[PDB]
Amino acid sequence: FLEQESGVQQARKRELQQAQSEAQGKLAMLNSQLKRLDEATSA
Amino acid sequence: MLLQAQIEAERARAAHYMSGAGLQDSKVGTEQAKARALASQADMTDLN
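Chains F and I, in that order, give the protein sequences. For what it's worth, PDB author numbering labels the leading residue of the first sequence as 679, then goes sequentially. For what it's worth, PDB author numbering labels the leading residue of the second sequence as 631, then goes sequentially.
Looking at chain I on its own, in the form it has when it is part of the complex:
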C-alpha cells in the first residue's frame, strides 16, 4: 500500500504538472502569433 501510493502516485503527479506548465508556456507564443495574424487580416479588410 504505502510503497505504491508514494512512488507511483505522487512523483507521477509532479511529472504531469510540470509537463502541463511547460505546455502552457509553449502555448503563449501561439497566442501571440494568432493576435498578429488577425491584426494583419483586419488591416487588409480596412484597405479594401
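Pulled out of the complex, with its shape left as it was, chain F reads as follows:
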C-alpha cells in the first residue's frame, strides 16, 4: 500500500525498462559507428 502511494511502484516500473532499453540500444548503436570507422580504416 505504501509503495503504490507514490513510491517505487510507479517509480521503477518504467525506469527499469526505459533506462535499460535506451542505454543498451544507444551504446550498441554508438559502437556501430566505431565498427564503421574500423571498416573505413581497414577496407
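Honestly, the hints are just simulated from the structure, not real lab data. Do not rely on the hints blindly, as some may be mistaken.
What the hints assert, rightly or not - Listing some non-contacts, in silico: residues in chain F with all C-beta distances to chain I over 12 Å: (1) 680; (2) 682; (3) 692; (4) 699; (5) 701; (6) 704; (7) 713; (8) 715; (9) 716; (10) 717; (11) 718; (12) 720.
To be verified - Restraint ranges, calculated between C-beta atoms of paired labels, are given here: (13) F/698 with I/669: 35 to 41 Å; (14) F/687 with I/665: 53 to 59 Å; (15) I/646 with F/690: 52 to 58 Å.
Stated by the list, open to error - Under the rule of at most 25 Å between Cα atoms (straight-line distance), these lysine to any residue pairs were calculated in the SDA-like manner: (16) I/664 with F/683; (17) F/713 with F/701; (18) I/664 with F/703; (19) I/664 with F/679; (20) I/664 with I/650; (21) F/691 with I/676; (22) F/691 with F/702; (23) I/664 with F/680; (24) I/657 with I/646; (25) F/691 with I/671; (26) F/691 with F/703; (27) F/704 with F/690; (28) I/664 with F/682; (29) I/664 with I/652; (30) F/691 with I/677.
Backbone N, C-alpha and C define an ideal beta-carbon position, used for all residues, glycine too.
Put chain I on the given structure of chain F with help from the hints.
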C-alpha cells in the same frame, strides 16, 4: 466404584478444563492478528 469414580473422573475433568482455558487464551492472539490483517486488506482495496 468409589476409587475409580474419584481419581479417574474428576481430576481428569479438571485437567481437561484447564487445558481448554489455556487454549482459549491462546486463540485470543490469533483473533487480534486476523483483525489487523483484514483492516490492512480493506485499506488496500480503498486505495485501489
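Against the structure, the hints:
For residue 680 of chain F, the requirement that its beta carbon stay farther than 12 Å from each beta carbon of chain I is not met, with the minimum near 10 Å. At the 12 Å boundary, the C-beta of residue 682 of chain F falls inside the reach of chain I, the nearest C-beta of that chain being 6 Å off. The claim that residue 692 of chain F is not at the interface with chain I holds, since no C-beta of that chain comes within 12 Å of its own (minimum 20 Å). Non-interface status of residue 699 of chain F relative to chain I is upheld: no Cβ of that chain comes within 12 Å, the nearest being about 29 Å off.
The Cβ of residue 701 of chain F sits about 33 Å from the closest Cβ of chain I, beyond the 12 Å cut-off, so the non-interface label holds. Under the 12 Å C-beta cut-off, the non-interface status given to residue 704 of chain F relative to chain I holds; the minimum distance is some 36 Å. Residue 713 of chain F, annotated as away from the interface, keeps every beta carbon of chain I farther than 12 Å; the closest lies near 49 Å. With a cut of 12 Å on Cβ distances, residue 715 of chain F stays outside the contact zone with chain I, its closest approach being about 53 Å.
No Cβ of chain I approaches the Cβ of residue 716 of chain F within 12 Å, the least distance being about 54 Å, so the stated non-interface status holds. The claim that residue 717 of chain F lies off the interface holds: its Cβ sits roughly 55 Å from the closest Cβ of chain I, which is beyond the 12 Å cut-off. Interface exclusion of residue 718 of chain F from chain I stands, the closest Cβ pair being 58 Å apart, more than 12 Å. No Cβ of chain I approaches the Cβ of residue 720 of chain F within 12 Å, the least distance being about 60 Å, so the stated non-interface status holds.
A C-beta distance of roughly 38 Å is found between residue 698 of chain F and residue 669 of chain I, which places it inside the suggested range of 35 to 41 Å. For the hinted restraint 53 to 59 Å between residue 687 of chain F and residue 665 of chain I, the CB-CB distance of approximately 26 Å leaves it violated. Checked against the hint of 52 to 58 Å, the pair residue 646 of chain I and residue 690 of chain F passes, with Cβ atoms roughly 56 Å apart. Our distance criterion of 25 Å between C-alpha atoms is met by residue 664 of chain I and residue 683 of chain F, whose separation comes to about 24 Å.
Note on residue 713 of chain F and residue 701 of chain F: the hinted pairing holds, with a Cα-Cα distance of about 18 Å set against a maximum of 25 Å. A threshold of 25 Å between alpha carbons decides the hint, and for residue 664 of chain I with residue 703 of chain F the separation of about 50 Å lies outside it, so the pair is violated. For the proposed pair residue 664 of chain I and residue 679 of chain F, the alpha carbon gap of about 18 Å is at most 25 Å, so the pair holds. In summary, the hint linking residue 664 of chain I to residue 650 of chain I is supported, as the alpha carbons are separated by about 21 Å, within the 25 Å threshold.
For a cut-off of 25 Å, the pair hint linking residue 691 of chain F to residue 676 of chain I stands: about 22 Å separates their Cα positions. Taking the CA atoms of residue 691 of chain F and residue 702 of chain F, the gap is near 17 Å; set against the 25 Å cutoff, the hint holds. As the CA atoms of residue 664 of chain I and residue 680 of chain F are separated by approximately 20 Å, the hinted pair is consistent with the 25 Å bound. A hinted pair counts as satisfied when its Cα atoms are at most 25 Å apart, and residue 657 of chain I with residue 646 of chain I qualifies at roughly 17 Å.
With a C-alpha separation of about 23 Å, the suggested pair residue 691 of chain F and residue 671 of chain I falls inside the 25 Å cut-off, and the hint holds. For the hint pairing residue 691 of chain F with residue 703 of chain F, the CA-to-CA distance comes to about 19 Å; that is within 25 Å, so the pair holds. For the hint pairing residue 704 of chain F with residue 690 of chain F, the CA-to-CA distance comes to about 20 Å; that is within 25 Å, so the pair holds. Proposed proximity of residue 664 of chain I and residue 682 of chain F is supported: the alpha carbons are some 23 Å apart, at most 25 Å.
Between the alpha carbons of residue 664 of chain I and residue 652 of chain I the distance comes to roughly 19 Å, so the proposed pair stays at or under 25 Å and holds. Of the pairs offered as hints, the one joining residue 691 of chain F and residue 677 of chain I holds, with about 19 Å between alpha carbons and a cut-off of 25 Å not exceeded.
Hints 1, 2, 14 and 18, counting from the list given before, are not met by this structure.
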